[PDB]
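A.B. asks: Hey, can you work out the whole structure from these sequences and the hints?
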Amino acid sequence: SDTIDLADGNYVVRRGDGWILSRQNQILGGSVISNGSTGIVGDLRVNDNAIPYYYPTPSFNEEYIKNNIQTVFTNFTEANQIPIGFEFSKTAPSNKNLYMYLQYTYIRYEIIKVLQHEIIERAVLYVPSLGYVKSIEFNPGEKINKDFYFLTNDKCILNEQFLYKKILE
Amino acid sequence: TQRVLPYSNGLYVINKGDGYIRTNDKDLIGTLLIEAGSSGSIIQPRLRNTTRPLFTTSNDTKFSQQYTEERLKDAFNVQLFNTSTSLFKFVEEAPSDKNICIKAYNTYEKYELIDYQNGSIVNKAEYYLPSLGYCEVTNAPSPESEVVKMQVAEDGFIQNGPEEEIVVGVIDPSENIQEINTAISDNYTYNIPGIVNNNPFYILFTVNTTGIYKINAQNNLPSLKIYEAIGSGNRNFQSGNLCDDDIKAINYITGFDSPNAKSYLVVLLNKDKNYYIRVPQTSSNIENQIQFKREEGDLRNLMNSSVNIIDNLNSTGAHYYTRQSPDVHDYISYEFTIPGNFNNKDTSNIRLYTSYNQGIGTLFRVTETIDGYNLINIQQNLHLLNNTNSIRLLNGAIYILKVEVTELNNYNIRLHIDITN
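Protein chains in written order, with my numbering: chain Y, 1 to 169; chain B, 1 to 421.
No false leads were mixed into what you were given.
Now the stretches of chain B that chain Y is said to cover, found in silico as 3 or more residues with beta-carbon under 8 Å:
hint : stretch
1    : 14-24
2    : 71-84
3    : 90-103
4    : 135-145
5    : 149-163
6    : 243-256
Chain Y side only, calculated, beta carbon under 7 Å to chain B, not exhaustive:
hint : residue
7    : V32
8    : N35
9    : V41
10   : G42
Since the hints were derived computationally from the structure, they do not count as laboratory data. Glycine is no exception: its CB is placed at the ideal position from the N, C-alpha and C atoms.
C.D. replies: Next comes the structure, spelled out in structure tokens:
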């Protein structure tokens, strides 16, 4: 639930790497390879595609979240100004068709207010990190599950973390 | 001989799949002839703030390219610039024996923006977002075999990617959004402000405790619609208060577009989710309120559906009522009062049936007690489509028929209440 074993106060939290956002699965397109061909897809995280997403709360506005997160954790305002590229490479089996689509992954940061061992307020920051592809073998006309294309709620493809530090007054 | 679309009135964005290419090789990147034992690759690199997409529209003034891009951003948060920074590359090594050919095509992702109103598409726009290509590999075509004369296949598109149709409703941008800053307890009354001034609008709100809620306007007028914000509540949270993620993508839950039908909504709402309530155009300056009441009684046996309030059931004979038919496995409710004086012994023979859409119906006797409304089942598994069966009901009593549509043959559902005796 929303109950945590922490003393009262404000905390900065790193939830880990590999967070993909809802409805943002095929925002970048995909490749269709077949019959032994190798498909390679890559991207470059610079500025406008490295925009961090803020979700503030009345206690924790943008400046608060940014300053706290950058003080304790990776400094993203200067890091996202440095272009980082990445690539994926899949190889389709013989006489079969494979579709691969790529989406951005993010770092999840949280600013939480804890009172009586329960979180009463939480603000969320997403910092662009890298990408991730999902691939499926398909035939012409085959129905494809809705879960492959569409993500309903933000989830972490990796192990979620909880790296917390108490915010000093 | 098309399909019936049970979409509520509004704006919808449809992801029709990936891997679309134009006919007559208009998107042909090219063909590489790799010798035996060698390797080959086709690379399609892209620049910054480039990559022209493909856009057509039925009404440029309303569905302009800027408008379509903003709606696409509302639905899936796509931006053309995102496709600019991408690269794709196809690598193929030919075997030792024979040569190999590889053909590369630039692909597109097909998005469609539709203005759905009363069972038809009044405005349609097609957007094609540059995708990450399509590659097909063949054995080396031995020159020459023959050359066979063929004709062009005219303008059109060919999808090489998997089948896909993801439909997402989006908030109408022209309609205002008012926020309820406080989470909803067991009871609340929203007074519609004069700022919007009779124009249809949305109410964004959340719920304190998960449960089944009755939402209605004054005298159940006008009919209200409810949507759920997709992916809401996973982000920034505050206990007992509303946190707007500015999510425009919505899922239609229930509601009637017809502003004159007396109706109230019974819906299961989640404290970890955000919801919108669309109230339509009101043609008067007369005040109105939205009432929110958490239900703990038998009314929870109506979720999730709009209950339609029938007033013209005051005589024997033929009566039928037309509403926007819900989708398959989606519910619609009717609350009606048999004509005559209620003396607990006078009965009238009632026939309930639908005209085109088949649905399974369950009717309830309603006896309002001092604890609230009490719903008593008196029949189950009623097949409404051309139902010839009749049941005797008490004159002056109140009944609620909940219908689950099991076959959609018409955009509208017609419930007939025939009264003899």
